[PDB]
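Given as structure tokens, the chain that follows is alone and in the form solved without the ligand.
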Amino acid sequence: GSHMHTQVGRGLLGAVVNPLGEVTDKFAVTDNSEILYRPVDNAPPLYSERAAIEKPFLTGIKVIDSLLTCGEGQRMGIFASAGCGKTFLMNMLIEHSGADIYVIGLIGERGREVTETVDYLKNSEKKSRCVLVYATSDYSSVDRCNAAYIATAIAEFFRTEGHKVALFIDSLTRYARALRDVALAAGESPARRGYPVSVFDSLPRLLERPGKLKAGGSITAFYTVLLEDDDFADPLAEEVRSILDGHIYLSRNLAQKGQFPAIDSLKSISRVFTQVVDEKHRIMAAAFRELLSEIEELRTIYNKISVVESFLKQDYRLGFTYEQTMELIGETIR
């Protein structure tokens, strides 16, 4: 029973907040200083309170805005091994999208990693729209957990205000590991992979707090899962794969090969694709995948590779409008 409240409001915009609710850096100063307190534990919305996911959440990233289109209110998994560009991708998603407010939660990262992110925010137009909650690796399992809840809570308040909120949580694997430790310390039995069954049981309550509301406002959430290399095939990834509305997988093959972002579209899916894009889009996109699968058949030892790879590849500094992306799609299937 967390009776613990935390600060929420426009006064946090620009702020870097720690697991104890105090501000330790800024990447922007905000003209408003609204601060209220709100509970860090909160039930997800009632089913009757949710709106259908129908309007797309545009990312300004060609390959996902076209083949893996996201909806406002959705929850999307990001599954990456190390050094495959995951943090560049998170930063792309923040930069080239159109949310009113971005809440980021970094869980158990090294202080260098939290600084990468803060550095990014300090040089970005979104600086006045973001809040960063972190728990560096010198913090306790409890503090790491509360970092995730504080992040969600702040998002929740901005959603109740009406805003289109984007929530990023990096990582769920360190959140789960911290939750595990808390559970072992309370004396419960380890199920498969040393995790007490309660860590996986609690996930839905955390991961279903996002969504779009009838009353106005939405949280669209991106959750990171750090993969090992073919190690145990990964219980947590599977759980997340099943709880969420789709998953983007970052490929090693594509990462070493220079193909950034290293998004493998074969291993990826938005489970709300059908219902956030045109009939026209579906067909153009379906045609692009056909073009892909066939280009993959040549990769077993024609000229439309350069043009396609040029479509996929995208420097983290560039954002493409939906029209631009679809414009580009049209020329590769014509």
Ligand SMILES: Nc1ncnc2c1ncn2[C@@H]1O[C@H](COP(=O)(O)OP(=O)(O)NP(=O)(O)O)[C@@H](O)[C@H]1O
Second form
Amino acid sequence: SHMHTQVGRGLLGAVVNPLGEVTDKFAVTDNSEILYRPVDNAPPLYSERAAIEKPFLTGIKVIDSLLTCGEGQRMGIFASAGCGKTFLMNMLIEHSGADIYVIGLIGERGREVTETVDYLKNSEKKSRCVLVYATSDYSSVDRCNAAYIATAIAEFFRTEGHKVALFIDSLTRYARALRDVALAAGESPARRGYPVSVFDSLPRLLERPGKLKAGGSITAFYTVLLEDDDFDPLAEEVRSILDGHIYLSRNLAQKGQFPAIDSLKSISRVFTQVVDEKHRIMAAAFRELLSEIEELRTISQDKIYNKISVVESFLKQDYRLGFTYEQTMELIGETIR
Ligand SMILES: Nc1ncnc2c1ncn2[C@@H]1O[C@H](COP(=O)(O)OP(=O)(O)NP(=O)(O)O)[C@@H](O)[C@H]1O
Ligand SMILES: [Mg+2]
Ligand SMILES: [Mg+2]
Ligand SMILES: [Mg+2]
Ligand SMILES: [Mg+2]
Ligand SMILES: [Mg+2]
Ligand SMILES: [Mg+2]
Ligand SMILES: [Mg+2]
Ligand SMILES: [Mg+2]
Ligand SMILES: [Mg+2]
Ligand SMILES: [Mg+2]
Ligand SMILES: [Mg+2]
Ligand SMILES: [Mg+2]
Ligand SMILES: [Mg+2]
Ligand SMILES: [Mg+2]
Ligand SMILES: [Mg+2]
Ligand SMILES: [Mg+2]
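Swap state to the form deposited with the ligand bound from the form solved without the ligand:
First the chain shown before, then all remaining chains and molecules of the complex.
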């Protein structure tokens, strides 16, 4: 692919379609830097990467505490329908502290793209975001390119030295679109209706993020849309390529526990290397308390029972609230004492 796309501070505040034109704005920005960069870009050389050591603070208590992210990390978000994945995304943008946010919405309905644009228009981060989208009326090629364009905009901000958060919602529809392109090129379905080339191409896309020795980072969140145990190689491919997954539980969602993150089914694979030992001990104590609260949910013992409302109160977090690290750990501290 020879296609270049616009990059620069000029795009901050902009809503961009798969063809590169601006079709709405959620903020206007003084700078009008516009340059061009390729949408196909190799990931960094291993020699160019910095170790993930500094946390990417989300402002989300259950994550910052039990599933701490690292700057330069790739994190999966796995969710079935209506478990609040879009709100989680909005939260991760709002309550974090990145310099730049780049969002890529792939094959969503026009109503879904407008929720996000509506969200940005009302957010403090508006001056810091770029939104790229391909609504469901767009072709497979356009859905794919929307993901590349988004990544390429993040890449440019990273080379500038910035601390960038990339969001791709969803890889599921990205892979479906990539599949159709492959089928139309005459490729054969391998195992599930996907030709083998779409899974083979995934590492190249999903390894473009990361921390650079030279300065700057992309921390990336990729959503994977789950069916209710219906017929999911894509999820297991993504689980294996990223370094962590946040699982959204429908049980917790219907129950009202938002964000419906199931810590037992989630992991950050950089956890240990981005939090100190006091955090680790405190977090592991908290997980012990959790698994002890689940032993009760099978229907001293009464003491952990009284710890439930304070725990649930720790987990639950209205999408409009953000918590500092100190606030979150302060709260963890109280539930384990
Ligand atoms: N943290 C939260 N605080 C408050 N309300 C929440 C929260 N999370 C979810 N909700 C509620 O749940 C809905 C959020 O749905 P949404 O975030 O779009 O999930 P979704 O998985 O993206 N839906 P879909 O994309 O079509 O599968 C809203 O109608 C809210 O009322
Ligand atoms: Mg850029
Ligand atoms: Mg453009
Ligand atoms: Mg280094
Ligand atoms: Mg955990
Ligand atoms: Mg939604
Ligand atoms: Mg969103
Ligand atoms: Mg819809
Ligand atoms: Mg169209
Ligand atoms: Mg098509
Ligand atoms: Mg095969
Ligand atoms: Mg890295
Ligand atoms: Mg890893
Ligand atoms: Mg939430
Ligand atoms: Mg609340
Ligand atoms: Mg608060
Ligand atoms: Mg903080």
